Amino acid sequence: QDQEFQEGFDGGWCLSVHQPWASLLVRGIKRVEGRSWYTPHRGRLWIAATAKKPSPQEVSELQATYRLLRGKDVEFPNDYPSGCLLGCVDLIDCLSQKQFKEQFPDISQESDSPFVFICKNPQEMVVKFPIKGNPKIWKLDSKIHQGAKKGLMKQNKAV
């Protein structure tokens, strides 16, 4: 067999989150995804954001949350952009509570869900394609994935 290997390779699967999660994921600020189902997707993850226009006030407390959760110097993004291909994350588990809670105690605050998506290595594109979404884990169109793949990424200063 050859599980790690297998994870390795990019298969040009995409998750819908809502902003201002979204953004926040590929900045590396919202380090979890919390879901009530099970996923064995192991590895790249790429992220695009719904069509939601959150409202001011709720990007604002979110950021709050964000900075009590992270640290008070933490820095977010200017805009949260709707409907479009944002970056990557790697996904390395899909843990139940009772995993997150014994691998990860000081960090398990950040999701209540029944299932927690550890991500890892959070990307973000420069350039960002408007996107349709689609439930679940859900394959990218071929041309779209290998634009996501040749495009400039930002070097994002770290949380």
The other form holds:
2 protein chains.
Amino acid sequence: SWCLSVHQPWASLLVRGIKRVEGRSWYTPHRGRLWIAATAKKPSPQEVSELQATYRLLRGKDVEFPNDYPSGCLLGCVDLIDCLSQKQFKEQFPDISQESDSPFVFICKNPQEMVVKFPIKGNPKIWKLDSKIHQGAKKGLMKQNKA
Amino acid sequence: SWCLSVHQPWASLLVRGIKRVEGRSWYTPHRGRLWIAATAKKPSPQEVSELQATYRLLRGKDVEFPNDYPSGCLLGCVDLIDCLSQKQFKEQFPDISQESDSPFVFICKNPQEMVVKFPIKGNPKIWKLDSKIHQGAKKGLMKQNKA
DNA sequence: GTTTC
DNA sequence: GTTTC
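Condition change, the form deposited without the DNA to the form solved in complex with the DNA:
Full complex below, order starting with the chain above.
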């Protein structure tokens, strides 16, 4: 029931698990499940090319990118396990330390991506999902998980 | 008197010192001064964008790229101090290990860039500069160095 | 490699 | 944040 808005193409790289950390200028005390909504801003083909070229370097030529980078859309969720300073980030994750130069690095784990994505309007920083949106999206994910 | 042809935009990134290593599928025993010629293949604006975006990640937002990426051109030279396997590369250069995934990584140091660049036709692998080309280009660099 | 395509 | 511009 807490969500972070992110520009595409970064947003969909997060729920895919290709992008493993998210840099910001502010610290969050939030820990645990964090939904990811794409902002309304439409990514350009140049920005897609630039990001895909960057992650082909970081993850290798085999990386499979999202087919599409939808905007203004609830995409899925990550688990926010830590919010490190850049210093702690270079120390604790030395093999991916080049992946974020930001003052604070959001450590993302266990991503899940919604097959059916809901249109949504975001807010600054980390913001509250409506209970109905939350139950709906989480119900959709259970249909993706073994029951 | 030994030269390596490299596609742009990687070629100019090498003599600028922005790109610090050069990956290949083959090992060279060569050590020391290695000239860099851009191949004839003209780089597309998308490739420039993709590479510049990648190196803004690796070197930060302050990196200043070559104004132009001339093709089929003797650009300058690096010092080839070692030719590491990917294994040794990750061990010896853990702070930049993500910058090349190639089987062999050419460790480049002390780059120099010709202000006046000479048109040139390349050859495979590491090839011999003609003595007159070599003396011309090295004479141009001395004009760039303190005497 | 460059040039042709 | 979205929307306007």
